[PDB]
Amino acid sequence: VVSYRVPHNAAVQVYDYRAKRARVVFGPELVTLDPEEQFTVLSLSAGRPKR
Amino acid sequence: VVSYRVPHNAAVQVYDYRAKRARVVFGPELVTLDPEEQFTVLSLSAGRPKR
Amino acid sequence: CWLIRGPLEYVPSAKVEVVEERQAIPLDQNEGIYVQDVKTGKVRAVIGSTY
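Quick note, the sequences are listed as chains Z, E and W, same order.
Note that full-length UniProt numbering numbers the first sequence so that position 1 is 457, with each residue one more than the last.
Note that full-length UniProt numbering numbers the second sequence so that position 38 is 494, with each residue one more than the last.
Note that full-length UniProt numbering numbers the third sequence so that position 32 is 387, with each residue one more than the last.
Derived by calculation from the structure, the hints in this document are not laboratory data.
Quick reminder that beta carbons are idealized off the backbone N, C-alpha and C, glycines included.
Once the Cα atoms are required to be at most 25 angstroms apart in a straight line, the calculated SDA-like pairs of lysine to any residue come out as: (1) E:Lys476 x W:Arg399; (2) Z:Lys506 x E:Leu498; (3) E:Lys476 x W:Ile380; (4) E:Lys476 x Z:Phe495; (5) Z:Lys506 x E:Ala502; (6) W:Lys397 x Z:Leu489; (7) Z:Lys476 x W:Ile402; (8) W:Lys394 x Z:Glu492; (9) E:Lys476 x Z:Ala478; (10) E:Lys476 x Z:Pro491; (11) W:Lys397 x Z:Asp472; (12) E:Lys476 x Z:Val480; (13) W:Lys397 x Z:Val458; (14) W:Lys397 x Z:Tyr471; (15) W:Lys397 x Z:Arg479; (16) E:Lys476 x Z:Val468; (17) W:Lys397 x Z:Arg477; (18) E:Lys476 x Z:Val457; (19) E:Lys476 x Z:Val462; (20) E:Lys476 x Z:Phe482; (21) W:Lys397 x W:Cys356; (22) E:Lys476 x W:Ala400; (23) W:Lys397 x Z:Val487; (24) E:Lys476 x Z:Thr496; (25) W:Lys394 x W:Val374; (26) W:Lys394 x Z:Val457; (27) W:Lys394 x Z:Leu489; (28) Z:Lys476 x W:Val393; (29) E:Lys476 x Z:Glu485; (30) E:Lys476 x Z:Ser459; (31) E:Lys476 x Z:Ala475; (32) Z:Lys476 x Z:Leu489.
Rough simulated footprint, nothing fancy, chain Z against chain W, three-plus residues with beta-carbon under 8 angstroms: (33) 375-389; (34) 399-405.
One chain only, chain Z, in its complex shape:
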């Protein structure tokens, strides 16, 4: 299984393609992906000034 422990003040969004269903969960829960669930990996700005 692929499972992620969401931080307390955080949120993760997933989509089950096999079920064609989106769901986003916030807070400190342990999410487990169904066999056709995919995460919303976010690319974010960082660095000293910004990137």
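Chain Z is already provided as a structure; the job is to place chains E and W on it using the hints.
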């Protein structure tokens, strides 16, 4: 077991993912983690000026 | 093919033949294994108790 002795004027927050339950305890108690409990490790600013 | 399981003893008859050993997998809550049912292809992602 993983157990932490909280300082007197301190507080630790944990989440049990297997039970999907958050709890934070303050004061000088001995917390013991359930098999799917996780701590809220905090990164904090320190150093001479600040970091 | 079929699986025989339980706290018991077996003698393979002349007709039947032992294919494999099939050791179980111990799983707790918020943990599981991705099982594909090759007879139907569907992937179930069975989680929870041991399986």
